[PDB]
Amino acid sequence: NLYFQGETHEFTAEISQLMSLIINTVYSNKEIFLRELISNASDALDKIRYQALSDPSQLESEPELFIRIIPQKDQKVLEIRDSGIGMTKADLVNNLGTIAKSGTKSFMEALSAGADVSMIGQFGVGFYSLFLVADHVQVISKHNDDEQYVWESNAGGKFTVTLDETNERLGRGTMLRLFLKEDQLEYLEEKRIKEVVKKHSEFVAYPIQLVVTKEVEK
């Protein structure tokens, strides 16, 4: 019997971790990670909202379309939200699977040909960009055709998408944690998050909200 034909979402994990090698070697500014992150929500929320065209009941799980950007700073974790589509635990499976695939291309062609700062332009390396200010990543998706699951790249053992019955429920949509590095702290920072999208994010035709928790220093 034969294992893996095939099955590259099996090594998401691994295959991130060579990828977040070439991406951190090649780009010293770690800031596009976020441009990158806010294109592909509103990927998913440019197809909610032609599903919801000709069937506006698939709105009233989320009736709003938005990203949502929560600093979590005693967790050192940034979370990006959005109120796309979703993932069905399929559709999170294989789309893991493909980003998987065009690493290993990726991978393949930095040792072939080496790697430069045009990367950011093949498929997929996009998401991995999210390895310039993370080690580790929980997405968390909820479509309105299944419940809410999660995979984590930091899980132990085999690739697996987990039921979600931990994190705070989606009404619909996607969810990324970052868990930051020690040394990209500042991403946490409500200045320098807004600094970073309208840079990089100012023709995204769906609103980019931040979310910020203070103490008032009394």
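Residue numbers count along the first chain shown, from 1. Take the two forms, find the largest set of C-alpha atoms that superpose within 1.5 Å, and that set is the rigid core. Compared with the form deposited in another entry:
- Shift analysis on the rigid core between these two forms singles out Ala115 from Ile80, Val139, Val77, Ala115 (C-alpha displacement of 2 Å or more).
- Superposed on the core, the two forms differ at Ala100: its CA moves 2 Å or more between these two forms.
- Once you line up the core between these two forms, the Cα of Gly156 ends up 2 Å or more from where it was.
- Put the two forms on the same core and the Cα of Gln209 is off by less than 2 Å between these two forms.
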The other form holds:
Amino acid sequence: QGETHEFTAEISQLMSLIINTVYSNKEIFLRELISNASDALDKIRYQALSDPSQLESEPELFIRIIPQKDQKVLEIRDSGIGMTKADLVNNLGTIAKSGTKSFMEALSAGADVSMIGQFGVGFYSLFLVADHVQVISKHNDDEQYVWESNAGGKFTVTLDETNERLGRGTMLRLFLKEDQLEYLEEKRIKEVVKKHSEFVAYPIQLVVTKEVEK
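Can you now output the form deposited in another entry? The one shown was the form deposited in one PDB entry.
Just the single chain follows, nothing else.
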């Protein structure tokens, strides 16, 4: 119900750095988000090894990429463990993350932005290509929620009464920058996935919309 939270100073600082950088290899955002999806799938698989009923909320383990061309949105969905409301608030903005200042110091020293994941803040690489993001998430322990950020110093968390039910897992909705619309294209997405996400334990599904003609 429109709960507003403030990003910690260090994350606000990181977001500003990333959204404005002219780094040349922006495509690594997709590697980082697929890695987060894979990690979340690892966690529900771990739980399911001891308690198989944890999968009943969504029996299939998958990563799914859904371009929304008309909206200029790229969706990245997983059926991983998901995040409760408290997880969203805690894990995506309010708690000091170990590595945030270290990564910013590495950047000042010449580090390549692709190293962002090694510092535990790979999620924020999405701001290389998007200026607005929604994170829709459903954990077995909670209702479905939407976390939302406009790249500023605040984010919101709201009970989800407007998006498709996930069953279980997380969907990132990336509102792409106007010069980054190549990541809506089937050919481009395939290229980036095959280059940077060759070794993933779960199927990576690409949803493509084609007209029926002739």
